[PDB]
Amino acid sequence: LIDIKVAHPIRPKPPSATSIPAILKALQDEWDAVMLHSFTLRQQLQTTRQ
Amino acid sequence: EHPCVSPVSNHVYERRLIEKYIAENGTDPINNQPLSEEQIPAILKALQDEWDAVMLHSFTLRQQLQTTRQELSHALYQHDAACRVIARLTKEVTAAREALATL
Amino acid sequence: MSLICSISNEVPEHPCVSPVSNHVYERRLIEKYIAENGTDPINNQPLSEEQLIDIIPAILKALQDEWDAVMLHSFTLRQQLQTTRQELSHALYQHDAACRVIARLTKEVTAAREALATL
Amino acid sequence: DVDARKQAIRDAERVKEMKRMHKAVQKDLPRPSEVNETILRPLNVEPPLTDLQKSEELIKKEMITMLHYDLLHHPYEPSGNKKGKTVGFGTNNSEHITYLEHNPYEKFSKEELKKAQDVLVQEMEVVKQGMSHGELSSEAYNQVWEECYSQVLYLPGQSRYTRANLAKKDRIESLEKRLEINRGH
Amino acid sequence: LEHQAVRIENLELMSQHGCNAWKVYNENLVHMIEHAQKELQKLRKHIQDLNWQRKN
Amino acid sequence: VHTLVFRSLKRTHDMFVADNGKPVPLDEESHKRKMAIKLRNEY
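Chains as they are written, first to last, in the authors' numbering: chain s, 52 to 101; chain t, 13 to 51, 71 to 134; chain r, 1 to 55, 71 to 134; chain L, 517 to 683, 685 to 702; chain K, 114 to 169; chain T, 10 to 52.
The set of hints was computed from the structure by calculation and includes no laboratory data.
Negatives, chain t to chain T, calculated, CB over 10 Å: (1) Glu13; (2) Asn37; (3) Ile71; (4) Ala130; (5) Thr133.
Pulled a few chain r residues facing chain K out of the computed Cβ check, cut under 8 Å: (6) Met86; (7) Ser89; (8) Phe90.
Idealized CB from N, CA, C, for every residue including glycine.
Just chain s, same shape as in the assembly:
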């Protein structure tokens, strides 16, 4: 593996909503969205079988 050290332009999404309680609230929702997304892949793959 060849390392990269380019800096990140990565940006909040948005900052105006965010605070420590609100980050954890938003993170949970994104967590649920990811688990919905990953399980959709399971569903999709299962569907492509048929």
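Go by the hints and put chains t, r, L, K and T onto chain s.
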């Protein structure tokens, strides 16, 4: 366009330009080491940085608090002495007054 | 063995040791510290990063409570810093007052000594 | 032609003036926006005061006049109220001046302050040994002060500060008030 | 209260710098779209070049 | 000896009873340093 990275400067290049430079110089454009011609997460990072800034804040506050508290600590034992001098002087001024009261 | 980072005062995830202080730092914190400060936190001697030798919701509820737990300590450390400053301001105030009362009484002692010398 | 040199002298005396001003002003430390006048005890206090206890009342009255002198000359703000909204700076300086008019602050010289400080240091040396409590480390002082800080709680009805072990329901009621203060901010 | 203190501290930076940073980030999305459209136009051309090979 | 330290706190805290209605404002220096760190994370 093309996927290539110098493994010694860890920097991202377009294959036309880096092979041009290596052919002339024999070396890397960003650190001049040799290189051969062939060669949720945003939220979690932010929340880590939220923790990070508070810890640096916490040390700074600890440093500032302890700096003041050291100076304060010396004054406390001296504070009781301060009341004693005025007490002593109130007795001495009384003694001097009574010598003046005599006559 | 277990260690403590000297900035956090908590266990480092990924520790690095300043030879300028012989003591353990959590790399992402100290490099970010060095970015502004350029100096060793322990003693304000100059320091640079290369010198640093390297070495579900219930979970988020637990994380939130521990996040709040830091904030408990955060107000406390701020308030104790204010209180020690408020003590120091008062203690100098009473010391300066103590000097002025003793100056008042030194003036009293001076006048009384002169008045007894008059006799 | 000489007058340019004279101006330098005039400003140098202003430095000396600031040296006469109190150490808390010189360090620009926090100063209280109003003065707790209730702190003064009558001389009519019925158990006969030791000169030590008399000394506290002398310090208290002097410090209040110094505070009023500071509220006249050097009133305190931490951060400038302006930025959130233009809060009017309506401190009634006249009231503190009025106290000063009744209770004249003696403008002690730098010499008198120095002489008093020298006398203090000689007594402070002797009392440090004579009380014989030694020197704690600052680390030990941290433990003692944090013990003091966690013990100490304000009881509004007594109008005095107290240790919670010395002070239950009123202690809870002050926690209610303490939390209420946080709600207000 | 400290959560509000940290919040209000964040808003100070976000007012001045966040306006510029939003503009820079929105540009970066356009740059992703420009690279994607270039690759799409490469791909659509290549598919239609293949179709001309098929048809001939 | 411990009471002597408390006595210092007690004397100080009485004066602030008049002041006590006001907030717990941030130390400017650490706040500015942190904001510098924060902005450096924004860039």
